[PDB]
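Asks: For reference, the chains in residue letters:
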Amino acid sequence: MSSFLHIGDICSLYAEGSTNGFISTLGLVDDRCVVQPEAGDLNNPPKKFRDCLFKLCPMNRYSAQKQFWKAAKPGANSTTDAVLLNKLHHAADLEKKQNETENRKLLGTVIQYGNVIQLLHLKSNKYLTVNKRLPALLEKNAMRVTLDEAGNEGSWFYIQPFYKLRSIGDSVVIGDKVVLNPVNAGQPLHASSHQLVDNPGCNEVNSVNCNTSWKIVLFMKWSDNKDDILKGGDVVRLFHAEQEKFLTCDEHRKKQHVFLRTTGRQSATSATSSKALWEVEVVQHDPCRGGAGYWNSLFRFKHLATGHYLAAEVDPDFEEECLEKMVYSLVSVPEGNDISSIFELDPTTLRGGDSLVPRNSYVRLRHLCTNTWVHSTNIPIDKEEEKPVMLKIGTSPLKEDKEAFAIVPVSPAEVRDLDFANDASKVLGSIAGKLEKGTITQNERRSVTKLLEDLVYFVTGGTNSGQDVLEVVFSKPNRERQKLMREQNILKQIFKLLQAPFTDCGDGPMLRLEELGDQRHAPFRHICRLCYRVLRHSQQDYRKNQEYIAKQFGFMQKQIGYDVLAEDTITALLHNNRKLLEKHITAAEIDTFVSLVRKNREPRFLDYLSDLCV
Amino acid sequence: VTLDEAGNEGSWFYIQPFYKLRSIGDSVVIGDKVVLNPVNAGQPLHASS
Amino acid sequence: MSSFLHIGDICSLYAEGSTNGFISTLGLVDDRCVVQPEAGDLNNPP
Amino acid sequence: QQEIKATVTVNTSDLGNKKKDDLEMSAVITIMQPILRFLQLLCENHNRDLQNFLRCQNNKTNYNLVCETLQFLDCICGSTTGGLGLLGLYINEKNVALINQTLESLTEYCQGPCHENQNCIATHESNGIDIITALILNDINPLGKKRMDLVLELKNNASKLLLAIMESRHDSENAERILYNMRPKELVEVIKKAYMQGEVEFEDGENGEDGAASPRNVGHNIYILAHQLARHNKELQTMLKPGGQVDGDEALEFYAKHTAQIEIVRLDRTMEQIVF
Amino acid sequence: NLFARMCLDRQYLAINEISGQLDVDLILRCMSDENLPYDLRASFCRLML
Ligand SMILES: [Ca+2]
Ligand SMILES: [Ca+2]
Ligand SMILES: [Ca+2]
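Residue numbers (the deposited numbering), protein chains in the order written: chain A, 5 to 328, 350 to 639; chain B, 149 to 197; chain C, 5 to 50; chain D, 1868 to 1887, 1955 to 2210; chain E, 738 to 786.
It cannot be assumed that every hint is accurate.
[Claimed, not checked] Chain A is faced by these chain E residues, among others (derived, beta-carbon under 10 Å):
#	residue
1	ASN738
2	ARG742
3	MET743
4	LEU745
5	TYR749
6	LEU765
7	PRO774
Read the hints as simulated data drawn from the structure, not as lab findings.
Idealized CB from N, CA, C, for every residue including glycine.
Given the sequences, and given the hints that come with them, work out the whole structure.
Replies: See the structure below:
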């Protein structure tokens, strides 16, 4: 049957030719495009398929924004410009509003060959741009294809036919092979064969004359992309109604156990954790199509953190207990193409079968394969644990209204923040591992410094405006971002990086503490100051983060006096914190302060041990 | 608990949910389990042993 | 399928918990309410 | 238009740090002035056939030259960002003649009650009308310190064009847009401000006998336009009433006592209301 | 200042031995002596208090 492309449709691009594979991205912190050939093909989509999705958008006006950006840098010093700063900043805001207005108005229209479009990466919310003034990384005479948050003139593309069957002015049909030509570059988007050195199997994407064709694979219609409707590819929390607990999957005893976590929090729906997030999937005939959610559809639930699929299978342990009920128990299986992982969705009121599923409606889960209903059990998973927090979940053939779940939607911004935190933790760990051996390069130092600045702006909740990052003052920081930074092991990597330059591995530390006063280590001082700034921002007005940081007090004492800004962090930690100062202070810290007074006599140590006893 | 021909202030009841699935303002669905609370007594109707 | 309750509907009340049974009455001359557990249940009405 | 958009050079390095002969007109740009002049002369003497033949040619494909001229004016004057008080650094001594010619050609497209052309210009997709209102309201720098006559000519031509837009029509289909762009206040302060400049220049004498581009005449044209717009704005009607306790109304009484309304009937037996 | 903050809220474990050196007469003479800068005198005042 098929149909035409429309503005607002969500689709993926499949390279075909010399190298074939879906176009994807390396991460939120990296701005490179990658074709991965061994991940899968049209019949077998990649496991991390939500990365490979793009959204069709019309042209955006960038004139006023271009004027604002192109010389917002400091290049002159007079006293006759602030009025037009405000004036054309307001003009750029008005242009953004007009872009959004025309985007909403034009949504749904059919895309024809020869039109100009922009590709928006849903995972990153970043447009796909081609820079004509910059060469490619692994190729010499190509152009650089990257991702930009706001886009520019390089975001525009010609949608052109790869087949002589189609001609300019013809509507674009789903499944067609097209050619993506940038407006200002004139070279079709090319899926090169130059493998990336750092990520195995990744092939660079650049702009050069070639024969590559991008097969447009539909994933979601423009009319099925409603925020108020449950749909495939969403992230939800399965909240138990009566038990007032969240359905989580966590590793235990070298295996993944799905259970109902005994949340000790007074508020049931406050338990925001990264392991309670699930990826709703609607079963379709086409493996690469998502579609919408109907009351009579078939569903699959995918664990966001691990990628495993939720399934019910014949329990091996309690089956032996049946001969010495709960016929089957929920488990997490790695493969999601089986029939044991599929579920049926049952409403809680009188709702028509063909009607759309409301976004946050209570439901009942029925396992299609065994025709049983999900059920909550009080049997603890961790028998040996003195205070069990993992309750077994099984399924029973008898249906009841007590056992119901709530589909709590999760905003896309929260998912983007979680992914950014994961990527930042990974890159910080890699940088620390490289730095503890002293085999880094200048570009890596630039990358880690800009990463730390982005971390500062991320935790503080603000946006970059050219103001200094070290001496910036914000309002009360974002709370959930502080929670993310604690949970996603960002603090652990920060501590490891702070210990990295002075770490010894048998050949002596690569840097000396009192040697930081030289001019040759200005970037290292900058890195340490940014690390202590993110520490101070993370511990502010938060109990759990302060408790987490206070464990490293013995480590972070001995770096005071080297102008690494440990002063402000340690003062803030000791000032607005009362109980932690009671149970994490012993004679060791007092003796350390006394010794620091004795060797390097200066009043501020005296103030430090004076104000921590009052 | 008795029966009166014409009724009085003791005839009034709150229809309340026994399940956390339902909330005040939600329509009552056939087959639901509810709690009958008199307006002027405040003690749910009890089926003693 | 089911549906909502309406004013004017005729329905019975089934106790469930420690003691289960339909709420009934002893007679026209007596003004007492009674739950009779052994009369029957949802599958077997009294 | 493409050449202007690509080759426009507004230095925004003088634009982000401070108040806390070059690239002569191209041939493809210089040729616009004779093109606009010819297309103007095609429509003089209120030639109705050639006036409405430049918008719908009734051919296989129709090219609208009126919309294209409006877009040319919008792009040369500074697009949507120009109309936010940024006209000063988009208009130089080189392009004053071209903008003047565009304004005159647009006016003669609209002169005479050519309803279709007026509707087309007022309700166009682009934002030229905002540019015209910005020309009337906002001052120009640094042209407003060196060349007064050029700025006066620009303001006069913009006033004439807006009068031609609202010429002999009392429908509320085009006035609401102009009111949306500029509120009644700025109209009233511009009218007032023109009066002091006019009286100062007239007090000097030396052959000031009713100059065409005098600030007094520009203020009078603005007052006529406000009078025509007031039929769809009760707030503007209240502000236009003279004798108020607020000082500075002497301009309002001066303009109210020199403005006349008559009422004629066109050859096709329709009535038009004329303010002069 | 450290002594003053050390001897807060009836802390005899420091007062019993610190007071053995700084009697009332010495602190008060430091009070009257205007030669010292006023900050040191204020520290003496809070210590005596
Ligand atoms: Ca096809
Ligand atoms: Ca996933
Ligand atoms: Ca029910």
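Asks: List, from low to high, the hint numbers that the structure doesn't satisfy.
Replies: 5, 6, 7
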